[PDB]
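In the form deposited in one PDB entry, a lone chain appears below as structure tokens.
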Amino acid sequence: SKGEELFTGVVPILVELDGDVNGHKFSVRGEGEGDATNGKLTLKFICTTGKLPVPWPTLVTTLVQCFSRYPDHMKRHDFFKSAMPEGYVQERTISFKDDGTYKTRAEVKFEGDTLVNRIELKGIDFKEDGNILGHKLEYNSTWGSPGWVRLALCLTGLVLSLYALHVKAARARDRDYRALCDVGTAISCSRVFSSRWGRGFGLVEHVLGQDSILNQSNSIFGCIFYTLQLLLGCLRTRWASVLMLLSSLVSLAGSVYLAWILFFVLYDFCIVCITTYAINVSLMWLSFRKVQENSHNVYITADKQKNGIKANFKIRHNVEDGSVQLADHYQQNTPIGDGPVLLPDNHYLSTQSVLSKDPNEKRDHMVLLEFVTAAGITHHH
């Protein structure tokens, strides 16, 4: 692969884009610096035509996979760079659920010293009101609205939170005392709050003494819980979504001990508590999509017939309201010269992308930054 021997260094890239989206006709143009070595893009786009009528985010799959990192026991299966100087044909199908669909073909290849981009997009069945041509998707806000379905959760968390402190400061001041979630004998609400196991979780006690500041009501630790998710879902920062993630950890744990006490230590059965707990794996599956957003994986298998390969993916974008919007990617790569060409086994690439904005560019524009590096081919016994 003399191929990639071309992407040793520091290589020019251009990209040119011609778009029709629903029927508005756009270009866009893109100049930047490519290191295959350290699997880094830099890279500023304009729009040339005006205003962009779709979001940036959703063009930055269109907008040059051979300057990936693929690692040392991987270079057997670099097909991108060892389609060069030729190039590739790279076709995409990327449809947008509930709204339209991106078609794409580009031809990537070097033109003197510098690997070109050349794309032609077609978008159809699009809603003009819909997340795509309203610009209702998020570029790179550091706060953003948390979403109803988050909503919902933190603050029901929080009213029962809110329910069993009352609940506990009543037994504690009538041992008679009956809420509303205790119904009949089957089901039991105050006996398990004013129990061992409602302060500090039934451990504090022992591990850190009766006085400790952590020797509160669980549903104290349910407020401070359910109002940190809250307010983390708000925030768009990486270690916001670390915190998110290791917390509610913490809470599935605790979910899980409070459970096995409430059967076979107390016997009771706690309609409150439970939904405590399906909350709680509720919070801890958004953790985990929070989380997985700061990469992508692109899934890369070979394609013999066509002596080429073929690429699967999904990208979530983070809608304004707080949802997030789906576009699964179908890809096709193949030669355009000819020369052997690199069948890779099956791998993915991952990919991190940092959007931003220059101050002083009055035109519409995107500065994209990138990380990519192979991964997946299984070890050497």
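Numbering follows the first chain given and starts at 1. What changes on going to the form deposited in another entry:
- Treating the motion between these two forms as two rigid parts, with each C-alpha given to the better-fitting one, puts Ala240 and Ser194 in one part.
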Given for the second form:
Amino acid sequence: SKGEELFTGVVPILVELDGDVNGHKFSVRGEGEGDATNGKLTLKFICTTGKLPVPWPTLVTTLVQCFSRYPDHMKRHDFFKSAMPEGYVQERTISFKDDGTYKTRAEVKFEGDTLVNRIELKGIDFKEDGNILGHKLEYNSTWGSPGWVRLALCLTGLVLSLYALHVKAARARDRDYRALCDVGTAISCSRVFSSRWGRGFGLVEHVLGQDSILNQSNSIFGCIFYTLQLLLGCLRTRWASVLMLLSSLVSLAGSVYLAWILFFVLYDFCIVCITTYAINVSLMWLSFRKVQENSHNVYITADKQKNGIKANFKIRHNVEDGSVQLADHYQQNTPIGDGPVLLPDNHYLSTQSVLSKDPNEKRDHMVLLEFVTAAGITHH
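Here we have the form deposited in one PDB entry; I need the corresponding form deposited in another entry.
This part shows the chain on its own.
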């Protein structure tokens, strides 16, 4: 499109937002530059009216997708650049799960040589004690709390593993030892842990042999597993999530096998064993959900009825208590001018944000670095 030649250089950016959230009114100004060739934008935002009544991360999506890098084979699907320089109107509803809602309207046009994004934001039905009005979101921290849930599952698993190990040693030093989990002649964790399936899952011998250092009491694997689940719960990166998922899968397989042993070989209803199986399914589901929550894509489809596009996506904001806050975005773009625009096939934008602070800025502010690439259409 013709508007493309407006984006091959470095473009200055002005962003102006006036907001009102549960009656707390505020203004934000941002300035910076966009480099669509690299899909890179760098902007600094100031709250001009004082302290921002909402967390900065929640405003990132509102505070210029024409700076996305569309690969050469997808240039015919770049609506945002084709609406320039006249621009487009971008409207959104952002629904925060179990809390309030943002409603936004923006005009994005060229004024002289400046790309200008002017926004009105109205937020309603927010909880004063919630994560938003309560300022409980993490800004950019790379480690933090694991969350009450993960903490309970992992600590419980760790204590039960510790006691299991203690039982195995005590029973090995005394046949008449009766454990806490020795409930009856048919419920004896002592008998379970001291069975050959109590070491290396009764499998490590047949593969790596009996001297292998992997031939540890199953509860040793328990200690390491729950410990790593708990520390990985403290990291805020993709790879920690995948590791949590893989370890959860291994624990799942081992738990299914050990349950089969419990009911069809040992004829034992080991209450502590069933409990660790349940905890392990819980962690399986949590790591599965975590991996799903890792996706940051903007899903774009053409809207012929408005000669523009529509998009929807989910943002997950980290909460200081270790939980996550969902923000369901629904988005509409319509051209301002009357010249031709590109209506794309289905695709998505992949975006990466880096939030930081300016050590020299005394006003409430956000430094933002962003890389955005279009994808979702295979080049073949």
